[PDB]
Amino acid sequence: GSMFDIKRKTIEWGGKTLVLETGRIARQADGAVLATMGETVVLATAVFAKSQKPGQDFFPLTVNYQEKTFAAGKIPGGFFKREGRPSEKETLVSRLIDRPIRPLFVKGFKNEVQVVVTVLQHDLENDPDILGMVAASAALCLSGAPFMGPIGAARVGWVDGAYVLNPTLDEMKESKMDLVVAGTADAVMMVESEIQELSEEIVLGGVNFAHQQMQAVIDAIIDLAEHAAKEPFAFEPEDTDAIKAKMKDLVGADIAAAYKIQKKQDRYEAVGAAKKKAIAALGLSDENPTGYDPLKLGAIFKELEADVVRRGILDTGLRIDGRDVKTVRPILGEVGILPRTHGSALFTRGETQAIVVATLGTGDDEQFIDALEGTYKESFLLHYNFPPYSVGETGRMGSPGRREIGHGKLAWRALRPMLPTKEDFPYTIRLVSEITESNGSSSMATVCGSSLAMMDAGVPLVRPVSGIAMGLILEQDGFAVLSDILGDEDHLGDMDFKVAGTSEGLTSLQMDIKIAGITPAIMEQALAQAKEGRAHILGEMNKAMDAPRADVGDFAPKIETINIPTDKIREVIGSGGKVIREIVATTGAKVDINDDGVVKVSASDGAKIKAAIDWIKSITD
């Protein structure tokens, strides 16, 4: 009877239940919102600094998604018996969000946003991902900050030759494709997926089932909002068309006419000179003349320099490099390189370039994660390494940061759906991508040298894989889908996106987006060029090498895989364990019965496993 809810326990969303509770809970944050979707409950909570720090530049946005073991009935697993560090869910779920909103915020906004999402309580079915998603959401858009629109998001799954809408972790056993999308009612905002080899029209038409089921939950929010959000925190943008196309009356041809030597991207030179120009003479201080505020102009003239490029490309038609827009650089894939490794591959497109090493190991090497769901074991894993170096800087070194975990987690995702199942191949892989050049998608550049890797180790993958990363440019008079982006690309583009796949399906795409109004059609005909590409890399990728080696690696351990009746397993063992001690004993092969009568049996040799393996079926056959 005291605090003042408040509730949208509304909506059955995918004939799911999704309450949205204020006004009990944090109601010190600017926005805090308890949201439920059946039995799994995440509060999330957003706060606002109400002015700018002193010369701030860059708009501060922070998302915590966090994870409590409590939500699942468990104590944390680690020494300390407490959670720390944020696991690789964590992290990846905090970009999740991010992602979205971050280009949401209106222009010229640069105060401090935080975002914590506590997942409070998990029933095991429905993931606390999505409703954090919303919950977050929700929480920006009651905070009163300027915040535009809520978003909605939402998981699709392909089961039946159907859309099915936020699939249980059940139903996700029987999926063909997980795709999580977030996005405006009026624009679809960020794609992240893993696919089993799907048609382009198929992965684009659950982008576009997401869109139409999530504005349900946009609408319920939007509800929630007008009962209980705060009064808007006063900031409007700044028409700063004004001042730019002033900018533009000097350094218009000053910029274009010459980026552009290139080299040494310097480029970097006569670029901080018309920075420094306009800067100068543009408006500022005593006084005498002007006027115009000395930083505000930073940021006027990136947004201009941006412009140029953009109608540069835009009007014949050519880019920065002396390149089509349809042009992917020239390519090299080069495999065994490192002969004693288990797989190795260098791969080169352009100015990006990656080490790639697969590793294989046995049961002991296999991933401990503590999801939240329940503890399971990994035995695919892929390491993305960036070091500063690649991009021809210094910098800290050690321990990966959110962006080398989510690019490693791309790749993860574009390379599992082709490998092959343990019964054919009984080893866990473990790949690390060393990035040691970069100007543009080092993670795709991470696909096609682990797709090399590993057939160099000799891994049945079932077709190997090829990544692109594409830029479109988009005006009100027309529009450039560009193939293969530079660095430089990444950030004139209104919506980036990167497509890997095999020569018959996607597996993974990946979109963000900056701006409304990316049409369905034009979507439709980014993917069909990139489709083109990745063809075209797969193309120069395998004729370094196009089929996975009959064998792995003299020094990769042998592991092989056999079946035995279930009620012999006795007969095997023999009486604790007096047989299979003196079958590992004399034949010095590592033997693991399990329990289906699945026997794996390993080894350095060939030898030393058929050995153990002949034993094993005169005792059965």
The other form holds:
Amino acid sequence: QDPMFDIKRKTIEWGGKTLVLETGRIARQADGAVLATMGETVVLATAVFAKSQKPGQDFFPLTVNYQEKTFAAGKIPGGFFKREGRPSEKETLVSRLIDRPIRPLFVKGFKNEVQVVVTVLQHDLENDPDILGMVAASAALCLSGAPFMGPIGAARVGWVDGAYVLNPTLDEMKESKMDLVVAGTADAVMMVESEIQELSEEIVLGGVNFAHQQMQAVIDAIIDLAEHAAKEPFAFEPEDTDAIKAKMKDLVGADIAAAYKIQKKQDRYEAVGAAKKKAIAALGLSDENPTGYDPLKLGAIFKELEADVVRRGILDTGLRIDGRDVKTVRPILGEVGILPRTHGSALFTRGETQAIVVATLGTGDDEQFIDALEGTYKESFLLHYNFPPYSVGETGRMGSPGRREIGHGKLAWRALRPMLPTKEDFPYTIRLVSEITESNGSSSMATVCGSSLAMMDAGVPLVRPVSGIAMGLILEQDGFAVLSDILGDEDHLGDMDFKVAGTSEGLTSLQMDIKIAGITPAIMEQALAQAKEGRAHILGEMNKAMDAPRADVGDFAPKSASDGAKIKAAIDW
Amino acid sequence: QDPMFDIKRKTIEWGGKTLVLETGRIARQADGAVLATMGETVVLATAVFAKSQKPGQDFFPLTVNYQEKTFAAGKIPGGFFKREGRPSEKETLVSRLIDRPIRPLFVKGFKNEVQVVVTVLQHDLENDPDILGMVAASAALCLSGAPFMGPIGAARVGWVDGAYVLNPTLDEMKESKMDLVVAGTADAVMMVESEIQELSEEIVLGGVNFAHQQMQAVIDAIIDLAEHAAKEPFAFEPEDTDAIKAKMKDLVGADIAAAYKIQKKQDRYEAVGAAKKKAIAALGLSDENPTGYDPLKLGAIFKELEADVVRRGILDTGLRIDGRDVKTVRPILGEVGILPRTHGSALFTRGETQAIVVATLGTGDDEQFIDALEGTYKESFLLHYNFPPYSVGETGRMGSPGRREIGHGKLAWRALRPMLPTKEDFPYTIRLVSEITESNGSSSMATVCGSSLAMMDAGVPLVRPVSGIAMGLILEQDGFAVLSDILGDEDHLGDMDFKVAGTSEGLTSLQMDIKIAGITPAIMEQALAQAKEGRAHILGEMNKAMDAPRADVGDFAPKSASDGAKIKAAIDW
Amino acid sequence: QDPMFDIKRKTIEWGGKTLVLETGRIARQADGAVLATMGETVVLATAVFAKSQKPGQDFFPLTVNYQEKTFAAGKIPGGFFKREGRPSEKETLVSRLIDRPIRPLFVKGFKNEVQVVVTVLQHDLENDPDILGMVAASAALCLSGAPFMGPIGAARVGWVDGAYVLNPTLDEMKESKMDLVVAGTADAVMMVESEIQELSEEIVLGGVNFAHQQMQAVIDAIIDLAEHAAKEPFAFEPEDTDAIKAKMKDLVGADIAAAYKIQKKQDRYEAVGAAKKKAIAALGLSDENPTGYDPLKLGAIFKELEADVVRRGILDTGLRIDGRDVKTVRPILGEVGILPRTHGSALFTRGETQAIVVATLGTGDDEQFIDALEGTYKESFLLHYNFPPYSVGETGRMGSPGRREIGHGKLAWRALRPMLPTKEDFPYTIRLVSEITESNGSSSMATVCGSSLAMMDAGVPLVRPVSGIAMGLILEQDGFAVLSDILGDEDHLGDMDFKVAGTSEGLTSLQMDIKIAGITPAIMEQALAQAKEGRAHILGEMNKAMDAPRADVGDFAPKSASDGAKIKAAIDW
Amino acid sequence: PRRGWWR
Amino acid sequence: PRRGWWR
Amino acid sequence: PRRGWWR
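Form deposited without the partner chain done; form solved in complex with the partner chain now:
Everything in the complex follows now, all chains and molecules, and the chain you saw is the first one.
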């Protein structure tokens, strides 16, 4: 009389480390649950989905919670309450790392609540559980039966001694000049997040491709575990709306195409709405004339259509919504010393995206204690990124930064950090904060730009300025276009969003989010080549403003004291 | 021209302490308000209720807030903001202590917002205000005019020198071997919460019965105060739905009974839904055939019915929903060393309820500061209980533990604590955290079980293992059944839920929640006797796994250091 | 090819300080955005409004966020997270300072979301940014195009060396005996908030009038900036409901007037509801008889009507809702020593408003660290004000004090502080907390009253007792009435609410909120004269209870120790 | 006298 | 020139 | 055997 029907996939020596995936002992009431071990780090991941759709859904409600338990490392928490509480920085980033590549793999049209939680149970002080968490969540999701077209594999890739190293340990990362985390399906890399010591597009792309090859073993293992242990696939067919699309196309299609050829903002709109309200009338509206399709569901299908057209118009000619060529970058102006009393300050404007970035310098008191499982440590480069709603002409709730704001700060932090001077040459803590005052496509590269500028303006001896750009891709079966410095609404109109930042010597951070299969390494090679043109350009516009660090730090403030007179007093004392 | 028409019930020397109940001076705008004093501890309790029902209510919205003001003890708060903020542990437990026995006394069918707040104004450093808060809230509720079938009295009972002692003071509790808090009506004990040094069912039951006799004076005093000072009773008749119940009974009644005799999960359902959809059609559905009763209100009445039947089926034969006899405990398996690097770890499974429990050891830095009114003190046994929604196959919000999770941790804390070794024999702080990974009836006894195991697995020299069980009662006019190890949904199907935990020598914690009058001390005597059979059984299944503590603590970790080599280095140093 | 069309109004030497208002560089996507500088303090203010009304609005959703960035002063935050988080005390008060005078200037009937944020970017350690924030928000609002009948100017006024000083700097405020902040339109002072060393109504009123004259230059500058840079005015006409008002008036008008002449609570109601339900039937109800006006929109217009009538009834005769003359104060009773073990305690009742106030004494450990931009400092007078919902016979959420509760505590803090003894004569920290147990018009003057009493009861050598009163005004074209000690619902029935507090020698705090133009300095002179009668009266009723401080501090507690015996032990030691 | 729910 | 609500 | 969405 045996409880627990355990099924394991143990095999996988995975690059010289054992990866076990276990299921059927733990958390049997979840849709999928996997205890996953790699070396001696253990997480449990679980996946639960609602078996029906809340009325009037809209969008796909996925949520992901990665969470560390400090017992995983033999310690009690340091807080006054000695319990773990709100997510830390690492816990937020990680939840975002898992969410990013799962979200697009769920079948189009599926809109039931889905939650994934990943709990770190043991940490071996070598193998990071963040990669394991990713693999684990993937595993739990395939096993659950949810309409998830995975699995995803994931891997970290380092660059040590002139070679890729797979899943390097915490000690190995100390000697690595790249921190590349990738996630992908069998077909496609789906997500990249990195911090790099000025290494070339070819080498960074090499790393991506490497991760993609090396993650295949885990994908194979997950399918093996799925095949022995998965639940019944949840039935869910989406809607052959596919039909009346053809309909409304041939109709308002030629209309919409020349509608977009109109320039003059207003009017252009005008034409579009006409086209809608039209095919709306005698189409999908139903009543008065059946039938019909529920109108305003015919709207959804229309948007799809103008999108396909906008996408085609782009591929024939290289012309965009705002009139740029796929290579054109928006006008730029950067300006420093805008808040003269602040240690260093910059205003950076690219088109309609703008960031005020100010830099403050402090000492040992000002470093942030972060107590990680893996060890407790002090942090002296801080970057806080603030995205107020007035930046998009909207109202919303203030205080308490979200997943999105933590993650952007992070993506700028990774862009700038490889280039700070060393503690020995410049013993300060650096807090940058950045207020996005207008946003229309890449506020987070704006903050990278602003941040170079603010730091040089503060006299931080950065070894090289850094600039970043945000890029998109329209991919079709007959051609593709890479877009330079995308507008915010082009964002939801491409198959791939990435941002590249770096110095005049090579990259510093590459972030990618891919929505579909078919981006060849040939196509990424280009994409990164056009981005290189852009960031060089942008860096050039930035040098008009500062070029090199100031030699000294601001009047206010410190060293320590704000006076050289008080320092000499102390020294003599 | 006299403001304030004060009315007092002062009389009550209550076991050698004066209890005053005052009303009509303070908080005149509340429905009921009582300034209550016992010795020199003072709380104000108030009760407010909405005079109509929010549209589409559902359930009965009661909320209770007990709160301590630190001025009650002549101190300013220690926080950085020097104001009291979010509830403490003691404030949450207490709100839960008051809520538990009020909630069922409100007339069936009443669903207006009701709020009770209890604020500690002065603390005499002897009489606990938590018992006073209970009495006070009861008083304020009877005075308010809400459809509340109270009052409740409440009392703490200690066991010192081989005798019950009523409402022992803080110094008296130091020498007591039981901490029993009871609350009851004149007819019935309604709630018990306790921590006990391994004392027998007869003695613990003695204490309950004692509290019940001794709380009568307060109930009498509250009625005396009510009779002079209460407001007009709020009119509220419930629905003689009583009628069409008889109807649908005779109809789908025989149907539902043999429906439950079907086993095979599915089908069994099947039959039930048939029965519903049936009597639904020609009954309460109204339209097509009046009339009628609003259908889906006829659903409510049905559920009531299947419940009565499930309840009858149980009393005739001893057969349950899942096929067990009222005495049967679910299969069990406990396992230790599941996270080898963690100080001690256990997996405990009883049926579909499962807990991963891991134990960490730390030193003086790791004790929790709790600053209570009564005095500030350090706490070295910590137990944190986590009930994620995946455990019931659901999605919900994570972080921030609720009333329920604080209270369970508490109920396990009270079960385990009487059995820790002494500071002199084992100078460590012990944090247990427990993750409920599957839940279907008693996850909190699971954590007691898991916690014995994890602690022995960590080498904590517990003087004896402890196990717990959760029990229910079906009570009718012709017989009763006590249920052993109840399923989660049987939970809402009994008249009494209790959990008992202890050692092979006697109890350690008894918790009870009673929903109706008529549980005789004869009936509790049995109930506790069947539980004794269960916990002994469960303890037996647990010894298969560990039996006794390990002799030494885990490799990692401490003493202090994780190495004996570093300890000897320090010692020699 | 110039981005950014900047427009500046730089001119304004404003009382010997340069004020620049800049627009068109920053935050171009907001409706109005202004970078405003005064000396070297800089804030950015922005204003955004929704271009349509949420369905079923109700009320006017304005929100205001003032926020300080610590980089404005060259520092990193002190918190464990080193990011700014929840608003501080200063940030809440300031948001409330800006909100108070904007809220009424928005066109009656406009109910789209409007948000204003004000972010402090640089702080020169001299010019407060709170006044600048006000001016800035005003500026951003006029520029935005929202139906805002501003601008408002604002100013601080000090009293140094026997003269008004405009916008005194942080060092100047040290030597000032008044801290008066005013805000007004060109026509009207709209808001006053102050803390004063016992100075006369004539001098305080002088200061208001001064601020009003001196703020005109900023209003002129804002109009100048608006005229060059504003956006298209948002079209919004309100509803000539103006018409059927005349209708329903002549109808139920005489009815409503004699309805109010009925006394006996109940009945009085009764009559009113009759009158409503009446003119409702054959009026606005529409159906059965068109037409009509949407009924229950005819309700809104009715309320307006009974209000006009209540307002007229008051001006003819001096009779109110509850039967008082415009000069009458509600019966009062104050009582000390209510919590004998607490350091000092008072109960204060005026009519249906009641406050329990208890005072605790502590030492250096108990002062609150506040790290302001302008400098970090310790605070030893604390006053926490708690407005539980049971006080108005309601249920609501507890914990976490709101804008309203922070602001009241503040307004009592400012009333009491001018009168504390000096650190040299009495080295204690004083925390007062105040629990409003009944509220019906001025709970915050109640707490001022209670607080005198509690402090004298604790033996704090206050140099003079203080009392406060809350006042309203009904203003018409033919006459005005000032109301003494207003009832809570009269609150929404006047054109001006103010509270005055002080000693027998002069004022200590004056707070005003004006809803419309036409309050002449002649009319304020009276209003303050009637208030003087009231507070003197109230102080007289308070002396019946305590009169002078006790000579010694409570048994418990401190000095330090609670025993003189332990103090002498230490001293001898 | 006094008539309500506690009985 | 310039036409709105502040007048 | 085993039939679902990962294919």
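For clarity, a rigid core is taken as the largest C-alpha set superposing within 1.5 Å between two forms. Positions refer to the first chain, counted from 1.
- In a rigid core superposition between the two forms, 278 is the single residue of 278, 187, 495, 372 whose Cα is displaced by 2 Å or more.
- Residue displacement note: residue 263 has its CA displaced by at least 2 Å between the two forms (rigid core superposed).
- When the rigid core is held fixed, the Cα atom of residue 112 travels less than 2 angstroms between the two forms.
- With the core held fixed, residue 301 shows a CA shift of 2 Å or greater between the two forms.
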